[PDB]
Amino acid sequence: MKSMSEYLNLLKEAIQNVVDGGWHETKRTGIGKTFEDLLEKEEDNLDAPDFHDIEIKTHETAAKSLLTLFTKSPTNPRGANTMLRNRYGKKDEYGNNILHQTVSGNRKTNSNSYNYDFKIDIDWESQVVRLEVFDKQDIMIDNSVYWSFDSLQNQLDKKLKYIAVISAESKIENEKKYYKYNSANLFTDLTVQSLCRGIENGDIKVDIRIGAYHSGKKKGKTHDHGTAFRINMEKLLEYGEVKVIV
């Protein structure tokens, strides 16, 4: 009756074998990198495809880490990032407008470096995530800029990777160092609904970083690698689908 992802079956097996393998010798970041080494050895033992691009951190290191889930420019309007920088941004060294601001869904921003404040609001009925813009007199002057839920879903589908948050014991025996892994929390999915709840809760941030080229034929024009959707790595265990392997 039961079915599951073939790849996930192998990855879980590999992680289960590392955890159940007791003390592992290492030449030591040490806890995570040793885990990465052992996982690499499981590819051969399982004749599995590569378990590459899985980020490995301890709970301790995860708590200090900020993960970018993906980058993505607004769905609407066309040329939104150019409007935002020119209208609401500030002049840089070179006389070109830029907008660099972290925005959340629980509070408005309050930066003294810009003449506008920002908040994310989830328009659940229209299935869009809106950027609200306020002037310093608390007037909400614009909520036209948005990301569709489908666009965000597509980013998640294309860009999400597995992550394992782990812990271990260590010891020294006969001048040699060993780690023994307690467990692994394997993050496997994040839904658009959970993403949007996380923005509302103040746990997921939207990092707008819209620059301008200073020279060349593109001088003065928008330089933007995409608005980044970011979350503390421990915090991701609140929102994601997570398998505990012990």
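The term rigid core refers to the maximal set of C-alpha atoms that superpose within 1.5 Å between the two forms. Residue numbers count along the first chain shown, from 1. What changes on going to the form deposited in another entry:
- Of the residues listed here (107, 136, 78, 171), only one shifts its CA by 2 angstroms or more between the two forms after fitting on the rigid core, and it is 171.
- Shown in the overlay between the two forms, fitted on the rigid core, is a CA shift at residue 38 of 2 Å or greater.
- If you fit the rigid core between the two forms, you'll see the Cα of residue 203 move by less than 2 angstroms.
- The Cα shift for residue 18 between the two forms, taken after rigid core superposition, is 2 angstroms or larger.
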Given for the second form:
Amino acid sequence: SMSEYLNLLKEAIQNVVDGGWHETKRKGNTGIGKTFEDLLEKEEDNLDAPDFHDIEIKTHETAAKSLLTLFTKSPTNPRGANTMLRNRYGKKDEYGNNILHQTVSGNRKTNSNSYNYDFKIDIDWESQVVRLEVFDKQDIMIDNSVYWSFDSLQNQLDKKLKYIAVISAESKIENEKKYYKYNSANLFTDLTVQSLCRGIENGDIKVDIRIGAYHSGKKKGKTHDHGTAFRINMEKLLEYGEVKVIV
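Switching conditions: you have the form deposited in one PDB entry, so give me the form deposited in another entry.
Shown below: the chain alone.
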């Protein structure tokens, strides 16, 4: 059923909403999420566990209309899959790395102008895997070795995503500073591996390969795999789970 901590969650979110505009705690796209976590007095972490007891929290700037990142997970196989993808199919960046950012769909192939390969997802319902298909520019499928088992994906959903509190927000730039304001929250439940994979097949949920580079700090110029992400179109949540207003 429902989390024992939903009331506490509502109070924690309400406290942030009541705070109005908040200056960013970290410059960059990530700031919206880092700023919210700081307000909840949550130290950043890299665990695939929920944020607030058993509840996952996600912030989302409504006007930006970006895909909602659900979770990341490296391929089940082969070993070193993302390194292989980068090395074989990436493009050269300013530092001499290969990079590979591709938002991949299950209903159509990419048509990349800046990369020399195209990509599609096959949901293999018989074998219960999510498979990446790589095509050359002559439309030949050259590599479908990379996959995620349904079991792996279900394990991430069970660990992290039973209850997803999505906090809708806005931003502004004022006096050369970036601010966020958190306005409302919905609870998204009943996402299953079966609904996830249906969404990938239909194009509403993407498999996002996100291999870039670091651009500042000690690691500047080094390869930065942000993790392959499973990302949902916010307009489509009701087709993949249930949604109710909580704040």
